[PDB]
Amino acid sequence: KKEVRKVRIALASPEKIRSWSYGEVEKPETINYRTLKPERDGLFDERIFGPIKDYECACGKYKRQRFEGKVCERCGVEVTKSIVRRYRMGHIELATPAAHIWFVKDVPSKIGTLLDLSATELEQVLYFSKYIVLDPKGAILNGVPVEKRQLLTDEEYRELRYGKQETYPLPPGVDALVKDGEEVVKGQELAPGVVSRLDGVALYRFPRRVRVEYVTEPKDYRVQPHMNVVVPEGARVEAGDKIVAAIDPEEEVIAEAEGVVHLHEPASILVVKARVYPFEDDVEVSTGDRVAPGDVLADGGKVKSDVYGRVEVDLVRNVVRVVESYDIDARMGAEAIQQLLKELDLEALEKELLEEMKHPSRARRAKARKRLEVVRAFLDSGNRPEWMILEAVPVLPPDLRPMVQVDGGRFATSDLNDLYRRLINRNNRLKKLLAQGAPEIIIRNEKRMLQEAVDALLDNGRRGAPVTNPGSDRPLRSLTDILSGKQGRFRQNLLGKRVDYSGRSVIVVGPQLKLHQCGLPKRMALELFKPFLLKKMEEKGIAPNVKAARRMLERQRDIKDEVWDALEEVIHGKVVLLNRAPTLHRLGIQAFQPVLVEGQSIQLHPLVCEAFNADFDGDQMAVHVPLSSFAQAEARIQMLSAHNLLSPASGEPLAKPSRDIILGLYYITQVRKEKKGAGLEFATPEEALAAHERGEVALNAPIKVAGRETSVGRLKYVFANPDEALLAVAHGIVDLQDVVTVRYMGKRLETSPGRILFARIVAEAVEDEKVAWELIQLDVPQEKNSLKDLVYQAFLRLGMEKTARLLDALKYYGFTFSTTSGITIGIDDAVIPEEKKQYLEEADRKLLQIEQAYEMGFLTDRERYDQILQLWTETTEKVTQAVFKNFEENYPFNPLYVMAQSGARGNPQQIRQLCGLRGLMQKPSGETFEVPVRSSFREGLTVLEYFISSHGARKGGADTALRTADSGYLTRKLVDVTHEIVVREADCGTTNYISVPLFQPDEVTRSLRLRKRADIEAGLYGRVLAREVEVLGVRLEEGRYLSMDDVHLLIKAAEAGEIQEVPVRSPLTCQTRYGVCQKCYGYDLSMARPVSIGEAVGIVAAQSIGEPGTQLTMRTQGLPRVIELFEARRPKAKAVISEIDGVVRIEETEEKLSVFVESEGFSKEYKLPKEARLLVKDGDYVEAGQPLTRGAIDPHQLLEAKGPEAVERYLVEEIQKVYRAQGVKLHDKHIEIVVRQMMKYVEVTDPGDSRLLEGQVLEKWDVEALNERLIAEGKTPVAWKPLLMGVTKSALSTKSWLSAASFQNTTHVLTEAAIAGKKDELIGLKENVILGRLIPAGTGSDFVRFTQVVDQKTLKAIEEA
Amino acid sequence: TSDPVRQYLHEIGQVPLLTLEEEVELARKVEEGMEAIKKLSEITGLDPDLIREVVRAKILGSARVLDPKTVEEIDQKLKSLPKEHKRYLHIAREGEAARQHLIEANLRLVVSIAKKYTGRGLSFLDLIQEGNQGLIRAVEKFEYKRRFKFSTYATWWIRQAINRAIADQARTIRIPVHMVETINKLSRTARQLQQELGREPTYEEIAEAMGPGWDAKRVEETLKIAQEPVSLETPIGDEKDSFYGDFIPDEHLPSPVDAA
DNA sequence: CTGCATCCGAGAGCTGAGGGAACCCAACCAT
DNA sequence: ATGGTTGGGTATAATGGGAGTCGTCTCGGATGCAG
Ligand SMILES: Nc1nc2c(ncn2[C@@H]2O[C@H](COP(=O)(O)CP(=O)(O)OP(=O)(O)O)[C@@H](O)[C@H]2O)c(=O)[nH]1
Ligand SMILES: [Mg+2]
Ligand SMILES: [Mg+2]
Ligand SMILES: [Mg+2]
Ligand SMILES: [Zn+2]
Ligand SMILES: [Zn+2]
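These protein sequence lines are chains D and F, in that order. The first sequence lines up with residues 2 to 216, 340 to 1239, 1253 to 1498 when you count with PDB author numbering. The second sequence lines up with residues 77 to 141, 151 to 345 when you count with PDB author numbering.
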């Protein structure tokens, strides 16, 4: 079995389709209504598709194996596996050709582009509304000759094909002014109330009476509708001959004597355009024959035709009449379209279009290029264009369109069966109607119905009203519906599957677990590891055989004790995967060692909850079991929870103390402050001690002794070592929060026993006293940021194993000290400051003033509204400050204050709402109310205030609800655009780089101000130095990975003016194909070390960008701004930039304003609305691409003006602005990867010596390679310009048709790939996932997956050999 | 452009109707054309249907796709025949043209009849086409000598064709015509019994009301085989994510336990 | 002759869980 | 040799259908306007 390496998709010929089929489906029957067996020649026939039962024919003659390939003579069913019923195809032979709707309705149409037909013309011809001309045969329409590819209506064709033959009903009992057989010109009145309009002969129809003379006297005979006249007008008669034959023999009119005959009172007159020819003998051409000028008609050739027309030999008058017509060949429908398609010569069309591509007109060139794309795709692929018209329709195997008996005895079927039934019925009816010589109206209607049936089968609900099953409004599900959508094959069954060896349950906190452990229920574990348990039971004496073990495990009450010990032995060392939906980043799946527990709930470690975004209010998680050694090794080494301690997005610790742990550590590491003493003066320590004993000074009061600040606690209690201090704490002498003097590490520290205990906790966790002393910050309370810094430093200095030990110790001690600290929440803990009351009255003062200023005309409505809003905003800020000042001064251990300051829970705004006041609220229109909510949540709101706040509450909820969906869609698009980017080599060898700046221009343009430390860290940490840097006597060599210490050193040097920017490698300048290299990426942020070769950094980047967007980024600004930037949309608030360099000259009139940029060569002009705001001033200097107005810059204009690098930098900075506004940490590398994919394409301006076309968009790498080869050969290089497209258009333009088809726009991608005959080389991850292969990343990368392992003894034996 | 019913109605309405004289004239032409066909068959000694096909092919013209070579050979095999006994061929050509005209003119009666058969499992256009087939049969069999109007004989054939098509094609599992009639009679009887009783009748009452040879068990079997299959794509729940076929397990392939 | 400018139509909007209407008559292959 | 199934037939006259749906947003062909 050869390995699969490429997948090709192409058009299928009728010959190919007929070679696929095992037989033609001739009948619409599915199964018999009595025996429920397939009907012969039906949609389920065993003769075509295969037997239902394994190795058994339909009639039962053969029911055993070894007969493979043998076909039973009676029933015709092959003897083979029944599974062939899901592989073997059938076909339907159409009576008339039908067009494949994919190549008709996908704009722009492939068939329309090939045949130069618009969509309207194609629709008119294909669905039998207009004719199209092939071989006109010298016909004349309205004086203009008819030419090929001309569209005629039904009227025009009917006139040209047959002629003009009008009929006029003569009123009853009125004779005509003209005689039978006389030429009539247009306008010549034929009756008192009839006027002719066409030229030609007039012919009597049903004369009401006949006058027969007799040798003389006339006589009259009445002619009723039920009888006919035989004798021609003006023909003598004999005695006994009949004239007016009738149905009844007694009613017949026999002429009595010899006389002339005349016919009068005609029922109607038929005026035709025709030629006439009498004859006196046998004629040659019969009715319905078409003749040319100068052809034999009758009289042995004496008479000859003079015009083109159709011959009708009227025997009544013994005259041959040639009605003016032609033999023009105009056809309708898919038959005509196919005939046009097969006559097409692609090489001549290519030459014609290449000649057309030289026009000075740009639109003409674009149209010729668009046609040439399709022409060249057909020429390259080898596909024939006529294959776009179907002659045989393939039939899906029955097992993929099953008709099954439900458990209740009823039948369930697929909609495809009904679509096929309709197609077969219409085809059979068309065949019958054709075999019957039916008129052309019926045949045209039937062919239209057949085309519509084919369209409905292929793509229902696309043209016209969708086909539905009677009694319902539900559209039938076509093949296109099966393929595409969220519920389609790609997204529902190929990119994601339901799996075995999996379970689900509610999660419960697991505080006693280690970092790498999870609590798994016993019953869940028994079900998950069942085959392993059966094997272990076989090894032991629990069951004689595997079947007995299974039967024993089947019933609950049949399970014993030893099976649990066997299970405990089964899972020893193995890990399981825990997953919480939604999986926003890779940390949403983690590996844990299962500890078997009782009950039904999974026990989760507290420190992974932040990574999972999991709480304990009903959350559920799924459990999966990796089976083989490779899977277990990958889970234990790469996906172990204890091995994943740092964020892949920012490099900061992700498993860290939080909530109660932080609370306990902060409680033990905070120091008391007391005011009883309040800076008293003492001369000797004994005086201070005596004062404290007397009760005049608190233990921790800040007193001054001998000119130095101290406290009574520091002098009174001096401990020899930490053990003595903690023993004194155990005896109630001092508290953990009192400041005493302790001798530790050979020094005398003025600290608290709690901080000493924290130091000991860290030292005993890391098993190293000096390093732990180096890591910790002793003189501050331990809060979120300090603990995160400690975790990061411990990681760097000691490794993840010791970091995990430290994390477990911190968790345990934090929980222990939070339990006994005495943290609680009462109503009085929401302390209301007194100042608030004052602050309110003051506000109630100024408001009155404002009203005065509005009653005297000094204020407008807008001004007064803004003044009130400003006043209330400043009052709210003052109340916040008062609340927190009260907490800091009077209740430093208050629960809300401690919770907010330690970072455990709460932010200042929520605390202000609890204590001070809620504040201003927004109306649903978005505008603020005039009265604020002056009550806090402790005081209680009124009904009106509650209702007013409900608007904002509801708006926030709806915001969340829409935002989550928009962020999910954005994340999917990013994954689709970056999924192929992998770290593929150590070094691409490039010398290009980017310059990360350290100073940004000020918003007031005063000077360059140093950027924030977080931004510099996000842009510099982990990167590889492109060039050597000398700063502060320190030489940072080229090729150095920038650690956090190096970044801090660079920032310090920038603050001293030694450096203004840093040159670094980046993915924006990497030269690696379908990925990046190790040097251009830098650190693996989750390990703080250089990234390994084989890492799927594109997926990591997409997840890193997408995770915060969900919920974090609010919703020009917020998530819409990020989406607009990633899609390169032109802003609606667009600003004005300068395309060229020059000086600024503002020209303003009282009616308009404009800005002139005057360079040394040229002076350009920019007209802008007067109300806008300008960033420039008269007499200033502006560079190319610099803005002239406020607002968002259009990226495409910036690309035209400055170039690619500037646009990359703008996109990265603007995307990072939104995330920084929310406080989200995210490295520049991920956005750089996405932008690098965004800027992947170029457009050809001049082809030079290449086969490319002007304006043809293609990948930048491919054109660079083409230019390199062209230069090697010595030709003229291709000229190109860079392009910028959003993530959607970049992803849909990839080379791999599988990933693009599974992403979006499935029908367009598939039809283009099939036309081009594209081959998918399986480069990215999505294609390999679809094919179920090993992805080219991680352990499946070619860099590592061929590694071998061997011991020394075996290696030496091979060496001797 | 779209809505093929309107397009078909427009194309039928472009053809004017007929008066008594024209209708009787065309019918007489058809009859004499068939008689001429038979006379020419006797004269040449060949099969009548094949010469009928040659006349039809010549009238329909090259535009309509037995092959051109064969029909051409027989066409000149007939031109050789001398006068007086040659008229028959011209009469046959004329009669075939008259048949085409008659069908084109009477197409509208098919629509008028078929418009009251919607909602029985066949779309309007399918009913119209089957009515057209019945109209062609009626045209072939019509006898104008009886002085009856054409529509009187055409309506019966149009109804028969529509009913036969409904009985043949309305169900995914084909049920024979007699059984379909039995099902329709059973349903109508049940509806009458419910109308009389004021409630859904029991199977024994229906069996009594059908007549001899009917018991409740047979009624039960008839209702069982009259059940129409349901769709595997029937949506379950409000969201468009769950289908019926998602809840149906495969019972054919052996399970991993069974294979082991 | 070109160009831009509204205009129309076509393709999208997170995951996971649970959710169920005529009747008759006669010849002819199948079982 | 029996039931189940299938093809053929009915003669006053009949002559162009019917349900439906108006609370979304963004982007790429295209007909229309001007110069
Ligand atoms: N994929 C989705 N997950 C959702 C959706 N709604 C809720 N959820 C999940 O349930 C979680 C509900 O979060 P909650 O509202 O309880 C708030 P959270 O614990 O994040 O914050 P705090 O209230 O500050 O403790 C949310 O974080 C997701 O993990 C949804 O529409 N889609
Ligand atoms: Mg929560
Ligand atoms: Mg929750
Ligand atoms: Mg002491
Ligand atoms: Zn057999
Ligand atoms: Zn590189």
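Just so you know, these hints were derived from the structure itself, not from any lab. Note that beta-carbon positions come from the ideal geometry of N, C-alpha and C, so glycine has one too. Just to be clear, a hint being listed does not mean it is correct.
What the hints assert, rightly or not - Facing chain D, according to a computed beta carbon distance under 10 Å, are these residues of chain F, among others:
| no. | residue |
| --- | --- |
| 1 | 77 |
| 2 | 152 |
| 3 | 208 |
| 4 | 226 |
| 5 | 229 |
| 6 | 250 |
| 7 | 315 |
For each hint, the structure was consulted:
With its C-beta approaching chain D no nearer than about 6 Å, residue 77 of chain F sits inside the 10 Å limit, and its interface hint holds. At a threshold of 10 Å, the smallest CB-CB gap from residue 152 of chain F to chain D is about 15 Å, leaving the interface hint violated. At its closest, the beta carbon of residue 208 of chain F sits 9 Å from a beta carbon of chain D; the interface hint therefore holds under the 10 Å criterion. Hint status for residue 226 of chain F: violated, given a least beta-carbon distance of 14 Å to chain D, over 10 Å.
Against a cut-off of 10 Å between C-beta atoms, the interface hint on residue 229 of chain F holds, since the closest Cβ of chain D lies about 8 Å away. Taking 10 Å as the C-beta cut-off, the interface hint given for residue 250 of chain F holds, the closest approach to chain D being about 9 Å. For residue 315 of chain F, the suggested interface contact is upheld, since its CB lies about 5 Å from the closest CB of chain D, less than 10 Å.
Of the numbered hints given earlier, the model fails hints 2, 4; all others are met.
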